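Form solved without this ligand, single chain, as structure tokens, below.
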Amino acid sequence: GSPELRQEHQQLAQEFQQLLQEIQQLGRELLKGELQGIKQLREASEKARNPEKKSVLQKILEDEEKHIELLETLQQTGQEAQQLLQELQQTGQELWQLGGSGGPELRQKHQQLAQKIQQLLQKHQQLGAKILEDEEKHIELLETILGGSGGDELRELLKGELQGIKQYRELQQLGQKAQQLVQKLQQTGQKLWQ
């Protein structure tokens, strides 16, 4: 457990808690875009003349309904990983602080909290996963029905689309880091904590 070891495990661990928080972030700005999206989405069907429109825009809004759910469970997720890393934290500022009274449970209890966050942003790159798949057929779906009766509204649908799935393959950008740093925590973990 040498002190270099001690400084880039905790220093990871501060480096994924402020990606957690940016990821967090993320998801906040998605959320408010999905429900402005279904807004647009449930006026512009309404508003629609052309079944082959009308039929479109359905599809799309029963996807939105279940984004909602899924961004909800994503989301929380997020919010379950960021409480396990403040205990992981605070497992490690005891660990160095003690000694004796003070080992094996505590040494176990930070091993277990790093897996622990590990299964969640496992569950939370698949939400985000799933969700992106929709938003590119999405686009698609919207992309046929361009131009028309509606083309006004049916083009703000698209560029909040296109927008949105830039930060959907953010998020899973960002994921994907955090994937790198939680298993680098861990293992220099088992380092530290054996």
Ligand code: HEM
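Positions refer to the first chain, counted from 1. We call the rigid core whatever largest set of C-alpha positions still superposes within 1.5 Å between the two forms. What changes on going to the form solved in complex with this ligand:
- Measuring CA movement between these two forms with the rigid core aligned, the set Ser149, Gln167, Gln126, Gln58 has one residue at 2 Å or more: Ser149.
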Second form
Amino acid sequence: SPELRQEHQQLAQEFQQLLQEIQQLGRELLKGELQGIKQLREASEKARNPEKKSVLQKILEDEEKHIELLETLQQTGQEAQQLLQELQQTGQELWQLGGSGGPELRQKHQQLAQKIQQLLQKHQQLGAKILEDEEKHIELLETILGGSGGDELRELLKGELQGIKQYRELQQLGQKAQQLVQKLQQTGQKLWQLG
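Can you switch from the form solved without this ligand and show the form solved in complex with this ligand instead?
Shown below: the chain alone.
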């Protein structure tokens, strides 16, 4: 169908734009975590009260692991972008061949499609682990704020909340990505079967 080829194309274009957005946010997140970890390190080190200290150390330890997770998250994004390039090239050739020349190309396109979905899943799980940790930190900071006031702690809290906003955005973009890929597979399977 004519609008079917159009839809696949439009979904694929949307997806390219989305993946660029996801990569960009991930860069901003990594930058963010590295900018803020120095402030956290110094808080942890300067803390005298044992309650505050064990909590700030838990948070620091987590943020240290998050650097590695953020690195792996970005590598995963790059890998997906490289697969997209292959989907675009193989996709173009599929269009050019108009259903002819055997199934090997169509199968490669399908494999790439399966494999990018797997990458997005891994990507979602990395983001989800980070988010879960960051939300746990909010509970921890709130616990040691109590009556005191804790000027510096309130600063950390504010900063952790800003990060969480970005982490939610990231997971949101991710969900949408996995949605577009499902729609691509749906529209793609139809095209193959028809023409």
